[PDB]
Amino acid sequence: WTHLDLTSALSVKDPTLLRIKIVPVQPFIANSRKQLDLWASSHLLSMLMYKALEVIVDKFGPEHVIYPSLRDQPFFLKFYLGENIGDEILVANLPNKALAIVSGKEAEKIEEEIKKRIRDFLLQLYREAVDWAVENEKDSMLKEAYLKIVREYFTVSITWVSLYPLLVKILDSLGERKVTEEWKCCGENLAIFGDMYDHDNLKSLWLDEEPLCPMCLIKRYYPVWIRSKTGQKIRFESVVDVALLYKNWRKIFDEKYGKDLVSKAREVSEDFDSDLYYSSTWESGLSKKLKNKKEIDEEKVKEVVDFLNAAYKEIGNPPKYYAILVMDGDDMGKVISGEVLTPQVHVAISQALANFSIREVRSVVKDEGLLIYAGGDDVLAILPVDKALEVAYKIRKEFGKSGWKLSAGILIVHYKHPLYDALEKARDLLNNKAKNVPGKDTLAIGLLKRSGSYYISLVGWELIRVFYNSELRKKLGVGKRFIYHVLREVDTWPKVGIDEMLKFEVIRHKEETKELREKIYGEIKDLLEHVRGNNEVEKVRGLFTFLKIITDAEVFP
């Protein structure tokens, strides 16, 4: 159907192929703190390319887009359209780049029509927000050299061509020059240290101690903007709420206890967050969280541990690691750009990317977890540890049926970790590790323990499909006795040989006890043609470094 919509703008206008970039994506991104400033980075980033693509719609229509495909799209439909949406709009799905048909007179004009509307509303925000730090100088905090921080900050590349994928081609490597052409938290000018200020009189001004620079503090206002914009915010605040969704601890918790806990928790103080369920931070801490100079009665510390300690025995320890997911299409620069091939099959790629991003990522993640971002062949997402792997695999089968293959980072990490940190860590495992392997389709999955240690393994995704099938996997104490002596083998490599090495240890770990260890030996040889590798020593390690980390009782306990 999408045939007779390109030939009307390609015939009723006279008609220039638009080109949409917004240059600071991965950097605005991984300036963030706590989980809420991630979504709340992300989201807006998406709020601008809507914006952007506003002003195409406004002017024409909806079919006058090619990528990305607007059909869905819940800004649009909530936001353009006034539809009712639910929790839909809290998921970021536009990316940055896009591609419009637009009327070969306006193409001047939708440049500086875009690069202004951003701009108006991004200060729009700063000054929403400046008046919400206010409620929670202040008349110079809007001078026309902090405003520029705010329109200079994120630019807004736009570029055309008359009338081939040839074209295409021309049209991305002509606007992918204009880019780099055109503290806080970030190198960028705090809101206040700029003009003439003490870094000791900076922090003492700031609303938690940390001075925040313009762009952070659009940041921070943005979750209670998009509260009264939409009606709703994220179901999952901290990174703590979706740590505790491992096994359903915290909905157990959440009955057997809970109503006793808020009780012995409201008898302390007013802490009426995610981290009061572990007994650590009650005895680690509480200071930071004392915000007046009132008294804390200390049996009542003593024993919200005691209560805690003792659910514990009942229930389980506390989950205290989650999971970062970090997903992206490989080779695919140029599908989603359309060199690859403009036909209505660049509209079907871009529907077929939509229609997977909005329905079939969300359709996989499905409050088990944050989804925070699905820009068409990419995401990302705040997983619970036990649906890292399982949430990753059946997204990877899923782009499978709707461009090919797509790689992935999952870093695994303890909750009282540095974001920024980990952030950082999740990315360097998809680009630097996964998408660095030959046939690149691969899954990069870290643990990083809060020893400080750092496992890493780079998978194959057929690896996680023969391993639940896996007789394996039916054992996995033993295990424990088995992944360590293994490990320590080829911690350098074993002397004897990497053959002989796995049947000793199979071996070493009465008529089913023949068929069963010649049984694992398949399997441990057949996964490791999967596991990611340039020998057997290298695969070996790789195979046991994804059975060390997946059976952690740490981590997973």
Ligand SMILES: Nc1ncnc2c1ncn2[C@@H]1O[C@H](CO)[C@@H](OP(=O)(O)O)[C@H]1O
The other form holds:
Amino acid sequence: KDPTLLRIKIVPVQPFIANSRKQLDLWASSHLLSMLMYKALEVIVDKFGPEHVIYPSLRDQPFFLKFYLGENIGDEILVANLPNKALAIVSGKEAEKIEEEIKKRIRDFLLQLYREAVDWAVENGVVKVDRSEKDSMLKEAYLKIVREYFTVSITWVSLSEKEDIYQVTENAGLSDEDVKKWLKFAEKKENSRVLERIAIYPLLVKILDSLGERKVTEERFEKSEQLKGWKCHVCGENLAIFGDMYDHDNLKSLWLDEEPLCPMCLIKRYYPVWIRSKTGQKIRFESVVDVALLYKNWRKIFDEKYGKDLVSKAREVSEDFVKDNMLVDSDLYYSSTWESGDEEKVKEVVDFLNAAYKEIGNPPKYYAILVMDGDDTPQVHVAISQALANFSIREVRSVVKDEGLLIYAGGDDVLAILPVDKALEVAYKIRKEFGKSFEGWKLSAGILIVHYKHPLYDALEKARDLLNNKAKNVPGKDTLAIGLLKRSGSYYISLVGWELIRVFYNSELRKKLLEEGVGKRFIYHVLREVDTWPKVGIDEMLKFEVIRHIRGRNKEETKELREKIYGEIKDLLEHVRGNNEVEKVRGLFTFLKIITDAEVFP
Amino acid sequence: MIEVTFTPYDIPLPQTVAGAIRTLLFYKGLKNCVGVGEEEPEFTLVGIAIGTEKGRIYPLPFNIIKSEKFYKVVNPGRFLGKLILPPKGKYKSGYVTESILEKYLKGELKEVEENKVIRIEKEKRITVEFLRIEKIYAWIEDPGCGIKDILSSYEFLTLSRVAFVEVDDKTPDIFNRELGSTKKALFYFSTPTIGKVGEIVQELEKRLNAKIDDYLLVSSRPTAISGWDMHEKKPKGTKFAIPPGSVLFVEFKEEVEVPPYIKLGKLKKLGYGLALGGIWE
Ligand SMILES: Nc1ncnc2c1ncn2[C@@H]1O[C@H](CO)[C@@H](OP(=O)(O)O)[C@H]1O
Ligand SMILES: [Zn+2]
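With the form solved without the ligand in hand, show me what the form solved in complex with the ligand looks like.
Whole complex next, starting from this chain.
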């Protein structure tokens, strides 16, 4: 009818996602957020179809195919592909009512999962509470928290309305060097300054965004007071259910694993079963240890020479540690777990694993968190939405495969948990595909390598930091910030260009290190030569250290080797971020220090 | 107004300061202000600020975005009658010195150099994380509890860590500024301010007895405010505050004389709601 541009924004995102103890909560949060966008986009598709939703492109969106068209689709449904922002065109007369419908649908949807969640929690002993006092679980205090947690912000603008090109953009504060010219070329294409807004669509989107941000900070601070009482063990913010009726000890004795959950985190624990009973699907790897154990198929090699025995000696300790001839807790593959979480029947399990470690190698204890983000008419905008929709649904999914857990892929952004020996390769390919998708378009990323016991909220925060304050802070961006957070607390960071990965993989330096404590002292001496500017100069120092630690089998072979390692180092130096040569040498060697760490890459 | 400077050595920081003083009066008999079994004390903690070797520092205002080697100050734009903030990049956090904050409040700051933005050094401990802070400043309005004379008899107080105490009886320059009159004023929240945007604004109106045609809140994500409830033996109910660094842009109907500072929201007595006056063009 009367053309109107409408933007949708859902928050909070990262704070919600970060509030997770298990990888399953992380996935659930991400997935649920995507479901919220879906519940919001359906309100517009019901009234105008997928042709009026410019971004994201619903066309091939699994959620759209399975929940809207009802088709039967596979595990690809488990990946969150809908971002938290969207653009559509609606009847200007419909706008205001649509803003009310969308808020109500999301609000009703959550209250529903909550009610389903509470029944599930009781019927499955997540919370051991009287049949009677189960009703207090749906009192107002808890409904408030569920109802007010997310903030769906919708703002729109009339496309038909006419305004003075320059006067509108200047007043919105968009008069850049670019915008100034762009507009001109638009006044050239038409003998006029007073046009219909849809004539400056691009700049319209940005104004709409600003309008959107104004809307969110007015809506997100309206939260209601909360009853005094013990807080949720997962997020620490909201009241834990029953947290106002019991003392701290009595409260925790009422929950599975003694961890009191608030309404949101309860929905969080319940979301996986919901999605499973509604699609018959569930994530292949439930914990970070499952992903960690993919390193060099360690897990698969263990289940083919010690699987049966381990499960057997497990029951001997307790029938609980098993379920379907499998281990209940994936972390039971580690010695330490048994010496912590019939004393004598355990000494066996430990020693069994200890020996096994000597035959196939110690079990991987580190995993990787990969986060990626794009660096930096309407119908053409739609074409873009589709290239991105297709890149995130098919290409990203394509390169990850089953070597890790792809949690989110909403276009030019990615979140994934991967074993350490697949992180660099996966990240690189994703970036490569992204480039091909546009025959340019740069992508930045953060990879954090962390121990399986590290609190998930903190790891997620460091991964974001690596992305936003390291990688994206590099001039020209298009950088990968690699961070290694060791259990001892030591944290090594390195900023590199995407090509360093390729150059390093096919290098002699790489082979030479994977077969040397020679490489360790080479890395130490060089780093020690770059704490400050080396008097003899970067180049000469590198040759000196190369001659010092590199050797072949005979005078001629070692001559060739030193010459190649040095050359590869200079090449690699081409792809390390830094304000000068000493910073680059440091960065490259910190990177090397990271990939040659024996504990992380056993 | 008295200014107390705490030098630490091995609930939010504001309440910690507030409570540290309440406990001191308690054991020192002067319970006439401790406010036994009450949320707020008798005296009012106007606010708290932190410091390093460089002196007092403040959270970088949320409308100052990093853009290459500079932190550009972004002022309000306008669209169809609404005050808006033009899109110009993500907000990167950090702190700023009082000197810099003053230029910003006067509207004289266009951009701040990269090496001028401070990043507070963290410190892990066993797990817990703390900020390598050197000084904590506290401004208190004592209706007659004789807090100044009591503190001046102590060099050390408990914040369970300990801190050296210094009590200067003189309001800081930041609170004595002369901003002038204008219709385009701003309010920088130096401490978490508890309340609904709309409520804060009303209060702001009925306080400067003026009318507000439009306002824009540049903030980030709510600060969750906890606290212990002694008589209840439980944790206080969570409240969500507008985080320090947030800027309330205001456009008055008729010119107003911008106060150098003003308190808003709940828990004023505990240090919350300290807003500093500013101006924009
Ligand atoms: N459902 C989700 N799950 C994981 N990440 C998501 C997500 N939805 C959006 N994102 C990502 O969260 C970033 C910070 O808010 C967003 O970037 P924007 O700044 O919103 O573009 C998304 O990349
Ligand atoms: Zn929670």
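Numbering follows the first chain given and starts at 1. Heads up, when I say rigid core I mean the largest set of C-alphas that superpose within 1.5 Å between the two forms.
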The one residue in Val305, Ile252, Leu205, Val437 whose CA moves 2 Å or more between these two forms on rigid core superposition is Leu205
Could you tell me whether the Cα atom of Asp195 shifts by at least 2 Å between these two forms after core superposition?
-> yes
Is the C-alpha displacement of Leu48 equal to or greater than 2 Å between these two forms once the rigid core has been superposed?
-> no
Threshold 2 Å Cα movement between these two forms for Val490, core superposed = yes
